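In structure tokens, one chain follows: the form deposited without the named molecule.
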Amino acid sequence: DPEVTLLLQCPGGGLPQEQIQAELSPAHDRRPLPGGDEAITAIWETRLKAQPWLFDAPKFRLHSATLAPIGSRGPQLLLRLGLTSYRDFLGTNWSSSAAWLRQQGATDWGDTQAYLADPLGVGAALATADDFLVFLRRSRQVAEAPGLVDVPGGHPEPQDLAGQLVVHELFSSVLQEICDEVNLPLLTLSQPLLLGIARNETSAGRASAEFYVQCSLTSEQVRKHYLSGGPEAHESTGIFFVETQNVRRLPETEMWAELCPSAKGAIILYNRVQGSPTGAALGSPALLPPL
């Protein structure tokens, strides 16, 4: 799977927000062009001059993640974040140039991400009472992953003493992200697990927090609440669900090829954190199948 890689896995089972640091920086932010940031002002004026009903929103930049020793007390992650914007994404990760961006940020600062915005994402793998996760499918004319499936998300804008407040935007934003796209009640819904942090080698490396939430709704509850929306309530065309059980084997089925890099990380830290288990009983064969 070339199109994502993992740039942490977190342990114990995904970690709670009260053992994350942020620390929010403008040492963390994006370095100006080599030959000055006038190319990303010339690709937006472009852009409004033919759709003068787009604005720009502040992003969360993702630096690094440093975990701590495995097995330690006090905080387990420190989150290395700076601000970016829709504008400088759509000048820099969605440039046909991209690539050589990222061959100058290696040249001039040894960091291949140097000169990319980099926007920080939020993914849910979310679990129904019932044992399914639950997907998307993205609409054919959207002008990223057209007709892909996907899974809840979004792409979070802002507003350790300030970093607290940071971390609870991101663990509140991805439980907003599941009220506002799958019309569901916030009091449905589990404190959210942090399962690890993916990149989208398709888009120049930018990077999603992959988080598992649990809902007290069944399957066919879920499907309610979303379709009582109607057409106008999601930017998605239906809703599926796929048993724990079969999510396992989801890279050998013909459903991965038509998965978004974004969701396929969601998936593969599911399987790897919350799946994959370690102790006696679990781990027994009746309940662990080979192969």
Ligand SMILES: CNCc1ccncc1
Contents of the next structure:
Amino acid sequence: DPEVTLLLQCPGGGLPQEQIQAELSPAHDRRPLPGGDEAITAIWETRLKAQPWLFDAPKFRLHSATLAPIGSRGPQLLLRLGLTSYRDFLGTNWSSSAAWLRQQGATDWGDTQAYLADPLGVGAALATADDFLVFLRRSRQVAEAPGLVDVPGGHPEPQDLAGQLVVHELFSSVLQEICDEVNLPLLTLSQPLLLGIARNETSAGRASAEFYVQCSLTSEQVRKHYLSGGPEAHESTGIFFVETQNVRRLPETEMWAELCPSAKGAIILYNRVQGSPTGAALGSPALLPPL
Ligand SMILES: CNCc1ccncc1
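Since the one above is the form deposited without the named molecule, can you give the form solved in complex with the named molecule too?
Every chain and every other molecule in the complex is listed next, the one we just looked at coming first.
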């Protein structure tokens, strides 16, 4: 799958909030464009003159993420974050010239991402009490990945002594996106575990943090909550469920060709970090079938 690359695989079946540090610094921001950021302002002005109800919003930027030595005590991950915006995303990652900006960043900074907004997304492998994962169908009328299959998530808007509040907002945001789109009560959700970070090579290498969240409701009860909101309650056009048993071989199915890159990253990291058992019991052939 050339449209998705793994930047980080978390250890221990996934990291809880209390094991992650963030450094939010202007050293982690996008670099100004070689010929000036006026090119971003021009694209934004053209867009507002066609769609004047659009609004800008701040976003977190991923610079890098460093994992501790495996099996160590103390904090296990450092997230290096900067700030960006929807406007800067439309002028860089979304631009027809995004590949030229990546080549220029290699030349000038030894960093293909130096001139890219690279807003940080969040997504979830959301599991039911009866052992299914939750999938969403996108509208065929949206600009990005029209008509494809997705998982719950989004791109959090901002607001270790500013660090811990940022980690808290990332974990909070994946639960809020599940409650807003799937219409689940907050008290049916587990604290999330970070599985890893995936890059969308179809959007000039922007990254998403991918989480595991467990729901106490069955697949039928999740379906009821989603539908009982009515069409105005969700951006997606449908919900459906795949047994965790069958998620193992999803990349060999016709569904895989319909999955957006973001959602492919969530399922690869689920299979690697929560699936793939390590011990004698779950690794026995009757529980882990060959092939
Ligand atoms: C746009 N779809 C939301 C999303 C899903 C998975 N990862 C990141 C974002």
